[PDB]
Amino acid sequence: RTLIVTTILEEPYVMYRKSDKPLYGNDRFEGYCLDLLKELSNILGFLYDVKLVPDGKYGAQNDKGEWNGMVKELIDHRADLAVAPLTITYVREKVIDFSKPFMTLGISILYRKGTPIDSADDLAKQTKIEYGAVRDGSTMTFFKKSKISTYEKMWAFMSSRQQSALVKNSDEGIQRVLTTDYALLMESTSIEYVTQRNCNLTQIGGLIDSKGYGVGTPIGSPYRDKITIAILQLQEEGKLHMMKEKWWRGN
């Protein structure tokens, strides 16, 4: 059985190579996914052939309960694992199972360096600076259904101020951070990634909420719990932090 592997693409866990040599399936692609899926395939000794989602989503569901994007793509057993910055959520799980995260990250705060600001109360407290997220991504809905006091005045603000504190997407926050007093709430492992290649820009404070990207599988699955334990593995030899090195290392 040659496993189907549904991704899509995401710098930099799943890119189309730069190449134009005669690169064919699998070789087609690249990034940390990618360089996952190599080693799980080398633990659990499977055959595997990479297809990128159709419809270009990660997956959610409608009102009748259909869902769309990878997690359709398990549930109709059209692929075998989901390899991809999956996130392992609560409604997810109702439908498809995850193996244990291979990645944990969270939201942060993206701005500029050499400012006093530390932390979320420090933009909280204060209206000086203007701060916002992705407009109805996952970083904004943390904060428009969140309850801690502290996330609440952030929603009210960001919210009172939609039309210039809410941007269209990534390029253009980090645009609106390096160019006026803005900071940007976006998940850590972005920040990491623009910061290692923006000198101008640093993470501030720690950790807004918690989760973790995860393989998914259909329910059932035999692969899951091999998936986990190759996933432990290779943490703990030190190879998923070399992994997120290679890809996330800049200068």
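Residue numbers count along the first chain shown, from 1. What changes on going to the form deposited in another entry:
For the motion between these two forms, residue 191 lies in the other rigid part from residue 228.
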The other form holds:
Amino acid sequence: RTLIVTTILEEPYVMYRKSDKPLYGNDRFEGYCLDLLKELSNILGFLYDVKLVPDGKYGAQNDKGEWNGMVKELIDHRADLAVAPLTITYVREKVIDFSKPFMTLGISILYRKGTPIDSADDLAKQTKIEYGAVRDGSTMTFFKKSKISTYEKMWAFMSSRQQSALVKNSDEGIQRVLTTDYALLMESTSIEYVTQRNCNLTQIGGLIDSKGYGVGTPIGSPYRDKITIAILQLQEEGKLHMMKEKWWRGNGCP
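Other form of same protein, the form deposited in another entry, not the form deposited in one PDB entry:
So it's only the chain below, everything else dropped.
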């Protein structure tokens, strides 16, 4: 039987294709994650229907300890796989089963070019430049949970003033960086995509942590280990590298 794949629109992972007529079904979508799913299908031999997660969230826990987003779809067995830039984290791995990573990344800083700011510590030791993250994403959670002094200082700042420094989504964060004196704490692979397309933006510093994106499955799924082996095949043959090059390349920035 056909697997249900939960996902979420996020450039360049999953995007609506451009067409002069209304689109239906899997034909609605293109992107790195659709290519990955096509290759995982080619290897494992399953059919699949792609379904956008109905609440438009990745997966976080609230105050009752209730999950939402793609994580919840898997928990409830309303999806077989989640194929998205879903960060592999301690809290999520307790509740679902991720494949080994198809991409490796870290938190870093998106800001304007031409400034003297060079690191997270440069941000933390000042208050003039505002900085934040996407509310309730894994980057925000990293800062909330950190016991490293610099990151504690940064969390105090972000969470201050009813979290006015946080943004609802990455596009809001990018526009805030482009318009105002603001730096966004963002996953490095998204920074790479953005800076290839807006030439006034740059990554500040290196990666402050290390983590991966993996395919999510419900706990106990037999697909998890089969997908890990397929991912390793695609990596070792250079296919993942080719797919990243295809979707990230921008041709307009120095």
